[PDB]
Structures are given as structure tokens and as C-alpha cells.
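Student: These are the residues of each chain, in order.
Protein chains: 4
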Amino acid sequence: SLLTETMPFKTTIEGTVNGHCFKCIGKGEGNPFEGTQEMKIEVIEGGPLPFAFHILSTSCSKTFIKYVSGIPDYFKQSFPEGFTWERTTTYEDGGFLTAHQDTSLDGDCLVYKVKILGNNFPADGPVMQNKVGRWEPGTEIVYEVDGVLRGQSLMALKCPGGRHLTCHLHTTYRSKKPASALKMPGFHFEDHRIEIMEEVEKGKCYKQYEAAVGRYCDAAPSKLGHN
Amino acid sequence: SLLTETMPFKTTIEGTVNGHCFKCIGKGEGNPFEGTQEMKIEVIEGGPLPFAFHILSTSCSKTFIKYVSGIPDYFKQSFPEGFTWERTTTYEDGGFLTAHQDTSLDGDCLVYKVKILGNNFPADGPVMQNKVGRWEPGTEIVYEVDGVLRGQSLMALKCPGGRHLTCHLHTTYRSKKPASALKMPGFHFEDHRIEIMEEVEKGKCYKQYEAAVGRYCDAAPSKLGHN
Amino acid sequence: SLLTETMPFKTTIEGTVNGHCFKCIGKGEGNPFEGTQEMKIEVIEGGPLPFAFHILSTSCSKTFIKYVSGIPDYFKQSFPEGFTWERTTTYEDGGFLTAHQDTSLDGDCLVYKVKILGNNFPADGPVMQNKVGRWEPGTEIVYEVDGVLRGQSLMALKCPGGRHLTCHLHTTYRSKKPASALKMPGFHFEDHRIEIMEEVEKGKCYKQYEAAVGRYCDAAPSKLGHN
Amino acid sequence: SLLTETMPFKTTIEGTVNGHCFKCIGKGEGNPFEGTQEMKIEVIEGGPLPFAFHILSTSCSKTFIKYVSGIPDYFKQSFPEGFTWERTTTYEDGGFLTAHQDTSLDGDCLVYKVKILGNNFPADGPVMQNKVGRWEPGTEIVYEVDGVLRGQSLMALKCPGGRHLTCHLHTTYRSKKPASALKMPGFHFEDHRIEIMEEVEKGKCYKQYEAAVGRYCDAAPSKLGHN
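Protein chains in written order, with the deposited numbering: chain A, 3 to 62, 66 to 232; chain B, 3 to 62, 66 to 232; chain C, 3 to 62, 66 to 232; chain D, 3 to 62, 66 to 232.
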């Protein structure tokens with residue numbers, strides 16, 4: 003493939019959350035086929051962020070997923086044309102985090118352009134108070150709809166006091182390559198384990214890691230030969 | 003006030019809905035105190051729109070509301086500083102329309118800057134198929150939270166076949182003037198009657214009217230003297 | 003009509019909320035055509051209730070609504086056959102209150118049979134802590150779907166600390182009379198002002214009043230002659 | 003334990019969905035420690051069901070889960086006292102299915118008592134039209150809250166035409182044994198693979214199988230030693 007064992011990627015992020023404008027830049031690399039990656043995000047405008055960086059964790066990279074059981078790779082198949090994704094994450098305490106992202110292959114490096122609009126986060130909530138813990142790993146269900154791919158997941162942000170702030174992700178993935186030229190994957194799961202490796206600079210620079218896997222429900226046996 | 007019986011307003015809109023980028027410009031005028039207004043919106047990029055213009059109707066103007074029963078006017082009080090609003094509208098069939106808007110008073114004219122991110126609209130739904138009818142009037146509940154104003158409403162888009170595509174609006178209004186310098190209104194209702202007066206150019210130019218009123222539930226009598 | 007200027011009604015309620023079983027009985031009367039009513043509810047089992055009685059306020066009477074502007078009365082038309090309604094109320098903090106009710110005319114008295122299932126209310130929330138204030142009046146949108154009537158509303162429970170615990174009601178009203186024999190009302194609003202007149206016995210007996218009105222959006226003028 | 007390699011269980015179900023009352027009885031057995039089970043459900047009242055039996059699949066058994074990685078078993082620990090669960094499942098097309106269930110150990114057999122209230126299912130939807138396919142396996146996130154256990158999952162019902170009708174389950178599990186006497190499990194996943202083995206009698210008798218596993222996200226490696 004046009005993807006190397008160690009693919010580098012750059013990102014530019016622009017957004018407004020609860021009326022606060024900000025801008026980020028980031029760089030990282032990962033193993034596309036092993037489904038691992040890491041990057042450093044830098045807030046170049048509006049820093050230090052007045053909210054937990056974590057609500058941006060999923061907006062910083067679907068090319069880095071390890072697909073097992075022969076599941077087709079919608080993202081890797083999309084190159085060199087690339088793809089885009091759109092999503093609205095709804096938090097159980099009222100917040101909404103909407104994002105649109107464009108993924109392209111510029112030479113030997115992947116390029117992400119991200120637009121973000123977040124709102125309604127409670128001023129007294131863990132996010133705006135910036136008192137969150139970490140993301141538990143999340144499992145997304147991905148299936149074909151309208152010729153494109155749809156995904157949904159429930160994620161849980163561990164917060165101090167033994168609390169879990171959950172949210173619901175509603176995603177749509179669009180290949181820039183015609184559906185006719187793609188091998189659409191069937192209904193499957195996509196585990197995403199996100200971990201902030203280091204807070205290089207409070208509210209201004211973070212190092213984030215993610216391991217992802219595309220699989221079927223291997224734990225529970227089927228009696229009718231279903232995936 | 004710095005608002006005249008006939009206030010003019012200009013708007014610039016930029017957004018992406020279901021992966022489709024677009025840009026609009028608009029101009030209109032209304033009677034701030036009578037709560038009526040009308041404007042012409044023009045799609046200057048990405049036209050003709052591949053979706054019903056109606057999902058943008060609420061993103062094109067809170068300065069034009071007629072407040073009765075002595076309810077404080079959070080928006081008019083905000084000038085000359087101005088204000089902003091953020092919102093995520095969730096549709097019953099899966100679509101999300103997120104918007105952020107900035108309202109300012111530039112001389113004798115109001116200026117709106119709008120950012121929009123919409124996604125997950127079903128390809129076969131009334132919106133993407135562009136087969137909608139009109140908006141029924143909508144009633145929003147507005148109340149103070151976190152020192153700012155929050156609003157929610159359920160709106161219904163009449164569609165062919167006697168169908169009603171409903172959605173839930175989640176809004177936050179932020180004055181650019183300190184809360185200390187504002188007279189916060191109590192819990193009340195805000196009726197918004199939106200009507201597209203003319204489709205000047207299919208998917209490219211529209212004339213929209215809106216009449217709004219800030220009131221209490223006058224129809225049902227209280228026994229404890231509640232608003 | 004078979005309804006008198008002063009109609010009496012009896013109710014029996016059975017339910018489980020957050021694992022707590024309870025049973026109620028109630029009696030009251032109201033003016034069907036004036037849209038006013040009042041009743042005394044008595045918890046005969048599982049009392050005193052370990053949660054705010056208010057989450058049961060809407061489950062205790067659609068026959069008592071004052072319809073204006075010539076809007077057809079789906080409920081009064083349903084007699085003597087009667088009708089039923091089903092609803093799930095979702096609270097912004099995670100609670101769900103589901104109810105099914107049967108309305109019948111037994112002689113000169115209306116009879117309500119109610120089944121309730123509530124769950125997921127946060128133990129530390131206003132409802133389970135039983136620290137709520139009162140319901141603001143609520144406006145429901147009612148429209149025809151699938152030959153029956155559907156309704157939705159956003160309600161707000163004022164709570165101490167200047168807080169508003171909101172919820173979303175999802176209702177379906179089914180006449181026991183064939184749709185062919187009914188005059189289906191068009192899209193309209195139904196204001197419901199609920200007020201607990203007296204806490205006769207803490208967590209065991211309450212007196213509740215409600216004034217309701219079926220109307221169109223009279224506050225905001227239409228330019229196309231729409232209701 | 004008081005649980006045998008082959009545990010039998012009986013169930014009684016009572017409910018109303020979209021105004022349709024029904025009653026069921028069922029019997030089955032499974033391997034508690036292997037997390038497999040199967041039962042035959044019989045509609046004794048209101049049959050044949052006017053809706054897809056599948057919306058009742060999750061209301062027919067948490068004692069049959071195979072926990073790996075040393076995750077504590079909240080359900081098996083609850084005996085002989087037993088436990089209960091409450092849930093509201095929200096469908097993407099508007100339907101709600103609410104249930105309350107009581108689990109007890111009566112001798113050598115498990116006994117389930119289930120109450121169900123479903124409503125708002127579109128008359129033209131896959132459920133009321135009874136044109137559904139099968140459930141994809143579902144992954145639930147389970148975590149401690151308020152001293153009890155909470156769970157959430159997104160499930161997908163495959164339907165003809167390559168469609169996926171998804172829903173969101175909101176659950177609360179309550180042991181009848183004091184929390185102090187229980188070993189609360191940490192945040193984990195619970196895969197549930199439900200399969201209808203046979204439609205013994207259309208809309209009146211079904212054979213359902215389920216394999217379940219309590220686990221951590223083993224597919225994606227952690228860098229900080231997280232489960």
C-alpha cells in the first residue's frame with residue numbers, strides 16, 4: 003500500500019467550545035497495520051484551554070486501525086483519494102461536541118483538517134471545570150448505510166469521585182473514492198483505547214496515544230455461524 | 003435605545019452539512035420592538051444547496070423579539086457590546102445541526118457571523134431529499150443557568166404525506182456584557198414563527214420572515230399567582 | 003355531551019420507580035370545557051414515597070382541556086368509548102418515567118387506570134433526594150400520526166438553588182373510537198399548568214391542580230394565513 | 003456456589019406495547035459459568051404478538070455470564086438473596102421499551118418476574134410491521150454508580166433492505182444483598198449475543214439463545230497498564 007510501517011501525520015484544528023475560540027496544530031506517527039499511533043497536540047490560539055482537553059481526543066485518525074477476521078479496511082482503501090468524517094458527540098450532562106474532519110495523503114504524510122463546534126457544557130460540569138480523569142476504552146459499532154459508513158459508540162470519561170461521564174458518538178465516514186470502487190465492510194466493532202501520555206504544558210500541549218482494532222464479537226459464540 | 007424602529011442586519015454564514023461545504027450572505031430588516039423581521043439569504047458558495055434550506059432557518066436573530074408582561078430583554082440589553090449564541094439541533098431521524106453565531110452592532114446595522122456543522126442526516130430523509138413543507142411555529146423555554154441564558158424547544162417541519170419531522174433545539178445565549186450589568190429574565194416562553202416567503206432561486210436564494218414573542222403561559226390560569 | 007359542567011374522576015395507579023413499588027388511589031373533579039381540574043392522590047402502598055411526587059404529576066387527564074380557535078377535541082369525541090395514552094418522559098439527568106393509562110366513562114364518573122415504570126433516576130438527583138420545587142407550565146405540540154395522535158413537550162421542574170431539571174415527554178393518544186368516526190385536530194399546542202396545591206401528608210397524600218388549553222400560536226402573526 | 007453447571011429458569015412476563023396487552027411464560031436452562039443459555043417463550047395472552055418479538059429479547066438473565074480477567078460477578082454474588090434490574094431501551098425511530106425484572110432463586114430453579122411498558126413505536130416501522138431480521142451482538146459498558154451497577158449499550162437489529170435499526174439501552178442492576186457484602190466490579194464490558202433459534206409458532210412461541218461474556222478491552226493494548 004501507499005502506507006508505510008510508520009506513517010507520519012499532521013493536523014490543524016479550529017473550533018469554538020462554549021464560546022471559547024481556539025486553534026491547534028499537531029504531529030505524530032503510528033503503525034497503520036498494527037493500529038497504534040501517538041501525536042503531540044499544541045494549542046496555538048486560545049490557550050490555555052478553559053476545558054478538559056479530553057473532549058477533543060476523538061477529533062485530533067481512522068487510518069490506524071488493525072482489522073482482524075478479514076474485515077475490509079474502508080479507510081486504507083480510500084487512499085490516495087482520502088476520506089472525511091463527521092460527528093456529533095452528545096454528553097449525558099448536556100454538552101455537545103460536533104466535528105468535521107478531512108483526511109488526505111500529501112506525499113508521505115497524512116494531513117488532517119478539523120473544524121469543531123462544542124456547546125452547552127455545564128459550567129459546573131467536569132469538562133468546563135477541567136476536572137476529568139481519563140477515557141475508558143470505547144467500542145464503536147460500524148455499519149454501511151446510504152452507501153457510506155455509519156458508526157456509533159458510548160464512551161466513558163472517568164472523573165474524580167468515582168464518577169463516569171458518558172457520551173454518545175454519532176459518526177458518518179465518507180470515502181472520497183466511489184462506493185463502487187470500494188469493498189464495504191459488514192457490521193463490526195471498532196475498539197478505540199485513548200490515553201493521554203503526558204500533559205506537556207497544562208491546557209496547551211498534550212501527548213495522546215491510541216490503539217484501535219476492527220473486529221467481530223469473538224468472545225460470545227454464535228450457533229448460526231454469524232460473525 | 004440604540005435600536006431604531008426599523009433595524010437592518012447583515013449576515014455571513016459558513017458551514018458544512020453531510021460533507022457539503024457552503025457559504026451564504028444575507029440582508030434584512032425588522033422591527034425590534036414588534037418582534038418581526040425579514041431577510042434575503044444568498045448562497046454564494048456550494049449552491050444550489052443539496053438539502054432543504056429549512057435546517058438553516060434558525061441560524062440566519067434574537068434582537069427582534071416582542072417581550073410582554075414586563076419580561077426583561079436579555080438581547081437588547083446586551084448592546085452595544087452585543088452577544089453570541091450556540092446551539093445543536095437534534096432531528097428525530099438522526100441528523101444534527103450545530104451552529105455558533107456572533108451578533109454585533111456595527112453603526113446602525115446589526116452584524117451576524119455564523120458557523121455551521123451539520124451531519125448524519127439520512128440520505129433518504131426529507132432534508133437531504135429536499136422534500137420538506139414548512140416549519141410550524143415553535144415555542145422555546147428560556148431560563149437562566151450558569152449566569153447565562155439557556156433555551157430549549159421542540160420544532161416541527163411539516164413534510165409531504167402529512168408527516169412531521171421534529172427536532173430538539175439546545176441553546177445557550179451569552180451576553181457580551183457582564184451578568185452583573187444585566188437584568189436577567191425569569192423562566193418564560195419564546196414563540197418563533199418562521200415562514201419562507203419566497204424561493205427566489207431554487208437552492209440558492211430565499212426570503213425568510215419571522216415573528217417572535219417573549220411571554221408567560223397566559224392561556225392557563227395559575228392559582229398561586231405564578232407567571 | 004355526556005360530560006357535565008362538573009365531571010368527577012377516580013384513578014388507580016400502580017408502579018415501580020428505581021425498584022420501589024407503590025400503589026395510589028385518587029379522586030377529583032373539574033370543568034371539562036373550562037379545562038380546569040383538581041384531585042387528591044393517596045399512596046396506599048409503598049408510602050411514604052422515596053422520591054418527589056412530581057414525576058407522577060402527568061400520570062394522575067386529557068378530558069379537561071379548553072380548546073379554542075375551533076380545534077377539534079380528540080378526547081371528548083372519544084366517549085363513551087373512551088381512550089388511552091402511553092408515554093415515556095426522559096429527564097436530562099438520566100431518569101425515565103414510563104406510563105400507560107386507560108380512560109373510561111363509568112356512568113357519571115371518569116375512571117383512570119395507570120401503570121408506571123420509572124428507572125435510572127440518579128440517587129443524588131433532585132427527584133430521588135426529594136428536593137424539588139414546582140413544575141413550570143408546559144407546552145405540548147400535538148399532531149396526527151399513524152391515524153392516532155402524537156404529542157411531545159419539554160417540561161421544567163424548578164429546583165432549589167435556582168435550578169431547572171428539564172425533561173422530554175413522548176406521548177401517543179389512542180381513541181377507542183375508530184379514526185373514521187373522529188374529527189382529527191390539526192397541529193396545535195396544549196398548555197398544561199400543573200400546581201401541587203397541598204402536601205396533605207408528606208410522601209403519602211397530595212392535592213394537585215391543572216389548567217389546560219388547546220390553542221394555536223396566537224402571539225406571533227402569520228403572513229400566509231397559517232394557524 | 004448454589005448454582006449448578008446446568009441451571010434451569012422460569013419466567014413470567016406481563017406488558018403493554020403500543021396499547022397491546024400481552025402475557026408470556028417461559029422456561030429454559032443454561033451454564034452460568036460458561037455464559038450460555040436458551041429458553042422457550044410462550045405468549046399465553048394477547049397472541050399472536052402484533053410486533054416483532056425481538057424488542058422483548060433482552061427482557062426474557067444476567068446470571069448466565071462468563072466473567073474473565075477476574076472481574077467480580079455482581080449477579081452470582083447476589084444469591085440466594087437475588088437481584089433486580091430496570092431498563093429503558095430507546096429506539097432511533099422513536100420507540101421506547103421499558104422493563105423491570107425481579108430475579109430470585111427458588112430452590113434449584115431461577116425465577117424471573119417481568120413487567121413491560123413499550124410505546125411510541127412507529128406503525129410503519131420494522132417493529133410494528135413485524136419485519137425485522139436479527140440482533141447483532143451487543144456490547145454493554147457496566148460500571149458502579151450510587152452503590153449499584155449501571156449499564157448502557159447500543160444494539161442493532163438487522164432489518165430487510167440492509168437496514169440497521171439501532172437502540173440505546175439504559176440499565177440499572179440492584180443486588181438484594183447490601184453493597185457492603187458485595188465485591189463491586191470495576192468498569193468493564195459485557196458482550197451479549199442474542200439469537201432466536203426457532204419461531205415455533207408465529208407470534209406466539211419462540212426459542213431464544215444467548216451467550217454472554219464479562220471482559221475488558223483485550224484487543225487494544227494499554228500503555229499505562231489500564232484494564
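No wet-lab data here; the hints were simulated from the structure. Treat the hints loosely; a few may be bogus.
Same chains, same names: a pair is fine if it fits in one copy or spans any two.
Said to hold, decoys possible - Simulated pairs of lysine-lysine, BS3-like, Cα-Cα distance not exceeding 27 Å: (1) 228 / 42; (2) 188 / 163; (3) 188 / 29; (4) 182 / 25; (5) 71 / 163; (6) 25 / 118; (7) 25 / 71; (8) 209 / 181.
Student: Taking the hints in turn, state whether each one holds.
Tutor: Hints and how they fare:
{"no.": "1", "hint": "228 / 42", "in the structure": "between (45 Å within a copy, 16 Å between copies)"}
{"no.": "2", "hint": "188 / 163", "in the structure": "between (37 Å within a copy, 20 Å between copies)"}
{"no.": "3", "hint": "188 / 29", "in the structure": "neither (30 Å within a copy, 43 Å between copies)"}
{"no.": "4", "hint": "182 / 25", "in the structure": "between (29 Å within a copy, 25 Å between copies)"}
{"no.": "5", "hint": "71 / 163", "in the structure": "both (26 Å within a copy, 25 Å between copies)"}
{"no.": "6", "hint": "25 / 118", "in the structure": "both (11 Å within a copy, 18 Å between copies)"}
{"no.": "7", "hint": "25 / 71", "in the structure": "neither (30 Å within a copy, 38 Å between copies)"}
{"no.": "8", "hint": "209 / 181", "in the structure": "between (33 Å within a copy, 25 Å between copies)"}
The earlier numbered hints that this structure contradicts are 3, 7.
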